[PDB]
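Not every chain is included here, but those present sit where they belong.
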Amino acid sequence: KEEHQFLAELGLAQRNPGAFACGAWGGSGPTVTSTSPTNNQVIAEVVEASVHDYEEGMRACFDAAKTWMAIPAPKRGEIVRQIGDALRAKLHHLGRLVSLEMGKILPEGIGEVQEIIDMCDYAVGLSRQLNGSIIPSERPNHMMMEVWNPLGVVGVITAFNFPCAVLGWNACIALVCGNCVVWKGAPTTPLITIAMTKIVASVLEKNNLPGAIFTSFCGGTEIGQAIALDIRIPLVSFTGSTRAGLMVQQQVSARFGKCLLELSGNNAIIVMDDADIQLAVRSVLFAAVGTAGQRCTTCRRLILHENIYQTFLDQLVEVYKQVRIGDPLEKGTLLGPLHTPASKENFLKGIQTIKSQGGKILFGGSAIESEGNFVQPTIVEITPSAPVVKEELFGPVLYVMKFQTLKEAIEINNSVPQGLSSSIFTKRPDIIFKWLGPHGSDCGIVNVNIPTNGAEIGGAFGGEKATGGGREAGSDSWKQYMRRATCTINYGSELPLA
Amino acid sequence: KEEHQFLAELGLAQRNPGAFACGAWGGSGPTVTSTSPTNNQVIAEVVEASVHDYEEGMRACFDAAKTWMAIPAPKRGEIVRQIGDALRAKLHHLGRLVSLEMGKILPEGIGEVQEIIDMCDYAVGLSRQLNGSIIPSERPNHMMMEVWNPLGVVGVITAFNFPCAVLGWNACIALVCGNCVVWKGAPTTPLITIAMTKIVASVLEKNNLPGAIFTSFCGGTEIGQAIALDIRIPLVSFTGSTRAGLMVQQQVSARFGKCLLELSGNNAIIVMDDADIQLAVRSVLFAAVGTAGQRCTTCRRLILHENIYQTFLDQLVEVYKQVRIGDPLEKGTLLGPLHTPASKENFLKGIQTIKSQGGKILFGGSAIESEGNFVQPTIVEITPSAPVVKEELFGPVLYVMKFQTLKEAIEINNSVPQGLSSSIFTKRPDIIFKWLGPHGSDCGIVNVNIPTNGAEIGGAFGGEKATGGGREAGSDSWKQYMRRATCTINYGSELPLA
């Protein structure tokens, strides 16, 4: 399995130290193997980080904060600007590494790095706008103001699916806001974590700044638990399951810390009878099949109107038959493999429980005979009452259910514990005003004639209910990475009444 | 113990139903006695709310939300405007009831109701500004927007010290934001809870609105626990101890709900050698003695500079000797009684543990022989290392400690788990920039030449660390009472690439 030469340009070797602390690479933890989901073959080896490595790096990361906080915000924005340009120079290579290690199709991965690049460009302008307020006081010779200050150290625990995009949105904002970043990437994604850190480390070194500003570790739940329990980390940004999310939240809340939660999503698309069937079918395909259904924003529930029901799914199966399943690096591939053999096993056992709950498999449902973790994109006719519908299967399974009124459609959409993304395909404005109103969708993302997956830097990305409540990317999200202080200065010689 | 006639104008009788649900007064719970802290005599009786009453009122409160959410925000602001005017008509009476039942001196109480009145006036203007955003999209024929919507039902659990001000700041914002309010007042403050509810109920009835919009209950931890566990309440605003705060937070976080925490404060005043000693002494007195030290913002720690140390405290004791201790309703009273006989017992046992930890009582420390819960205002010379300093005694005890450098002063101020309010008395601007900077105070409120207690409607009131993180009154605090939705409307016929 060569190259090799491709990994060397990303700064990777056969065996790699998986701990970036304190400006240098180390690792006294176990030696893990990085596998490609396309053939289940070794890309390289990673010497994981131990708690010993974590503590050594954490002592320096905390110490580096003093220096970093003192740097003016526009000057911090200039470091982030150079991070974006560093990523631009390796865009093509990082995209390939994301596809090779994670399993997502080449366009996605280039686009993932492109999302981080677009975020750096925004963070430069944002550095000039981390504004405070001068509030009028009700007392004479009193200056009242709202003051923002860095938190210190921001902990970032990321998932396998966006092995650098989640860090990108968090680190760009955290760094620009004067915070140091302690990153713990996915255990199955160590090479992307190293290559991403080497780009950041490059910029920090080029500007004579301590490498401890961007500390990173490769490992399992051990280092993750250490971050959640660390009193030196005021903010922990978690990205993963609702199961692990609550666990992290509980530990962080106990120590009076704050945490940004970006949890599981059971996203639904509602198709009204008056919808653009061509637009709706195309949208449903790319929302459900995209990243082999391993996206937080992946459409898992299809709420179909009775009038269009049959005609919609027969022309959806017709499109599902045309999905090219292959190597994510090969041109024309639409669906790649599932990240691990474990997820392939989970998908197959899920199909069995779906059948148990009365689910009728319209298309797919079977595994594909290959060296990699390949499965068929599945469409399931099921009742909304079935427990598997309220679950969250991280594979290409789409549950389709019939509805009569818009009131019953919203009832189904809001019934699930998760509240990340939702969509309606309709032409009538009365429905659009209902959908976006108080009695509409209870999600963080509410879309009209656009799928659940289409999300950009401009607006604050995040979910409600079981998806946490945390917000990323644009808007006023920066305020989560800083501390608000209400200040009042008395500059008058006037003494209080005796 | 008459009048009586004063209570009748506030709508109170000898025995009162303590449950306002569903637009009517009830109560199937136990009969509690409301005592005056000045003589420990019965004012009136309150028939508490049971879980049965809570459930009946909660079913209607949840149902009323549909109607309330549909009312335009400026029209909701008009209801709040009339609430302020209703309070203005009973300002004099409510102030007396706050003094009589809670124990705070007449000026405070009138001022407390005045704070609610000023909040209504702000909430009217705010109703016209619950603005969303139209974000530029990166895709042609796409409308991107940030949409705000009511949460539904806001739960408000209040403490004894501000028996209506805490509700006032919460309810004004919650109601204007389209939410219904379920209030559970202090168990020792039921009469203020009833009288406050009768004013709100008056306005709601006058406008043909369901009374269930403002549901209120009198009771113990039972009704409070019910609110924290209620899945129908997306936001729980808690005001009380850090002990109970964490308990409420834990229960609310488990059910994927949000909670606004306004917890305990161990507030400190730092006096620099170059300070206006006249201003600093006056400020320290009113910050420490005010409301018999039963304020969340009460100065409990005095961090004194060695150069001014002796000269400051001898002239502080000289002022402490001049504190008039009497009936809070009597003119000229500066210090009233502690809210309950239990708090008087806690104060006295605290003095004993303070002596154990090497605390040298400079002034007071003893109880006053009276029918009411009167104690002497205390000044204690103590080392910052003592455990009682990190505690929170809800009485008039001031711990004084010597410092040499501004660096050791900030070290002491930030050492405590609580982070609500802090102050510095200085004339040099280099210290002011350090104090308000990243290496300064870690509190939510950071004041210069003004005590820890002086807080107005204009700025977002709240604390950091063990004080939670929740914000009240002005600024962008309204966003906590609503849900953010990132919306994208595709209005173009353009189909995604095949």
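Order as written gives the chain letters A and B; numbering starts at 1 within each chain.
As a working rule, a residue touches a chain if its C-beta (ideal position, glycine included) is under 8 Å from a C-beta of that chain, and two chains touch if they have at least 3 such contacts.
Engineer: With 2 copies present in place, identify the total for the complete complex.
Structural biologist: Here the complete homo-oligomer in the file comprises 4 chains.
Everything below uses one rule, namely that only the chains that are shown with their structure count from here on.
Engineer: Averaging over Cα atoms per chain, report the distance between subunit A and subunit B in Å.
Structural biologist: 37
Engineer: Which residues of subunit B touch subunit A in the complex?
Structural biologist: Contact set of subunit B toward subunit A: 66, 69-70, 133, 135-139, 142, 144, 146-147, 149-150, 178, 246, 249-250, 253-254, 256, 258, 276, 278-279, 282-283, 286, 417, 432, 436-439, 441-450, 454-462, 464-466, 469, 471, 474-476, 483-491, 493, 495-496, 498.
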